[PDB]
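Let's start with one chain on its own, the form deposited in one PDB entry, as structure tokens.
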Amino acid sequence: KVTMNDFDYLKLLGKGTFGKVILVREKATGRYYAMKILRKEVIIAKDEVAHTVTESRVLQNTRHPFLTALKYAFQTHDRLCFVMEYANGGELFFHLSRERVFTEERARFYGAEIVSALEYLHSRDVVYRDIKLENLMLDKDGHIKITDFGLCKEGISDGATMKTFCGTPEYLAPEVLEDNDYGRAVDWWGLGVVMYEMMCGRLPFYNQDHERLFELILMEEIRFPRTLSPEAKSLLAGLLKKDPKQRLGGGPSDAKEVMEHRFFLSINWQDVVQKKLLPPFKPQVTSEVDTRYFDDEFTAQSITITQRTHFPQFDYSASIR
């Protein structure tokens, strides 16, 4: 059984209200990983056990170049630990915040890798439900790594539906802001928002009041910069179609609609998945412990330490299963 003191703890990469994520060195190999450490007490109190269990179980079987690979999943008496591959390039949120906007070409490169990963997940009857800039990360080479599978749902094929009101406010598809159930098209809306941000340099809809924000998502027309290309406008219009049945990717072919769209005219999708494409930006990391593409807000912080209490789908190892 794997435990806490099997790792060195180096720097805080991100912090949440459930727990924290830390850069660690595996003592027995000397290799570097990211570790997400959640507190069981907070999870149980929020009744978010199924979701946290889902996150591990989905990671235990998924394999794709643009999904973060899980090395270990273990637990202590009061903590849950995910140990995954360290994305040296940091969050896409960090980069877009620093650069303000990406070119259509650069956005096309990232979008193609997100689409490839979404096709894969949807083919496995998995709906990701939380596509956003914070959950898209770059590895050392500059390829996309989707992270955070805490709001995944399984067993969702064709027009299967879901009932949990969850996601991230600013990224919620309009149908999720209605009563009753919604389908897997919400992921393609999610893509739409990140595509929109990458090319237009802001969220398509925003207000710090959620009541105001949810009204915008349901009621407001998206606007485009004039200089944006027609196929860029067409893609964003299609992905951000308020009606999921008319939305690009919302049909029975799922990812094929998005893949065949004219915005991706110059993309070979087999080249994408095989990593034959060259990242436009390459992280300039000078060592394994280099955390330049993470925020000082987190990395400057020092690292303190704040019966059958067992979670029944954890204790995983990539070497064993």
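Numbering follows the first chain given and starts at 1. Definition used throughout: the rigid core is the maximal C-alpha set that superposes within 1.5 Å between two forms. First, how it differs from the form deposited in another entry.
Just one of the listed positions, 264, 281, 32, 269, moves its Cα by at least 2 Å between the two forms when the rigid core is held fixed, and it is 32.
Once both forms are fitted on their rigid core, the CA atom of residue 81 lies 2 Å or more apart between the two forms. Once both forms are overlaid on the rigid core, the distance between the two CA positions of residue 62 between the two forms is under 2 angstroms. Core-superposed comparison between the two forms: the CA of residue 182 exceeds or equals a 2 Å shift.
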Second form
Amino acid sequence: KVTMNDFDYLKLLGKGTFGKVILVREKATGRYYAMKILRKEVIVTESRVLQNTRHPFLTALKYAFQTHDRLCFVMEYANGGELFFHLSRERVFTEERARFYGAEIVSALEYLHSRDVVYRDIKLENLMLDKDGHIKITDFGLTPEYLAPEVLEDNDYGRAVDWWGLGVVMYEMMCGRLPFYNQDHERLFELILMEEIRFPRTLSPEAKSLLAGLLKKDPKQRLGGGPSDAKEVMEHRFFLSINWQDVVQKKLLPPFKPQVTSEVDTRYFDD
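Switch from the form deposited in one PDB entry, shown above, to the form deposited in another entry and output its structure.
Here we give the lone chain, stripped of any partners or molecules.
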């Protein structure tokens, strides 16, 4: 039976209209978890659902307990730093390195959509690497929001919004900047809805193929927006060199290995 006293506080990871995420250390073992603390006063589709959903690339919920005035979710913490971090230390990634990540993500999403669960939060800030270089889709923010257009026009969060998130994420990866990184900012609502996303000339025609498709404004048209869901994305020109079985098996080799001895190495815990 977990309890506040079973953990040591280290640092703040994130705050919010919902609560906050603390970086704590389970006092018994010594392992590190991220504790999501929710005001019972502020608040379902999050808990329970994500508690039993296990997956190589989805962060696992280690313990779940409640206080008399709050809800706590002690969850596993990747110690390979955050993708956003690494990406900025390189401006851009390789159409393969991207692809590596794009594939672990695609796997995570196929799983979730099979369980009839829409992630809603696939975005660069929610991505971290584990001690080995394998992606870990986290559930929180540690940047201009890029909601799917169907979310903007009809507050509609179906499967398709996960693919849009995918696309916007890979686009930043192979391009080093958001589709509309320079135009003001308050221009977003109108841009995302009615502006054609443009791609760098220096981009493999297949990669320009993927994005062009992960970013279709009509969910019905988007790549992965068809009844076949994740298959369209797994079976896209861009993803031929892929062993979708090797993915979920962590069989693939991360094209970059973070610099940490054991998961307990706490170096990527600063800036």
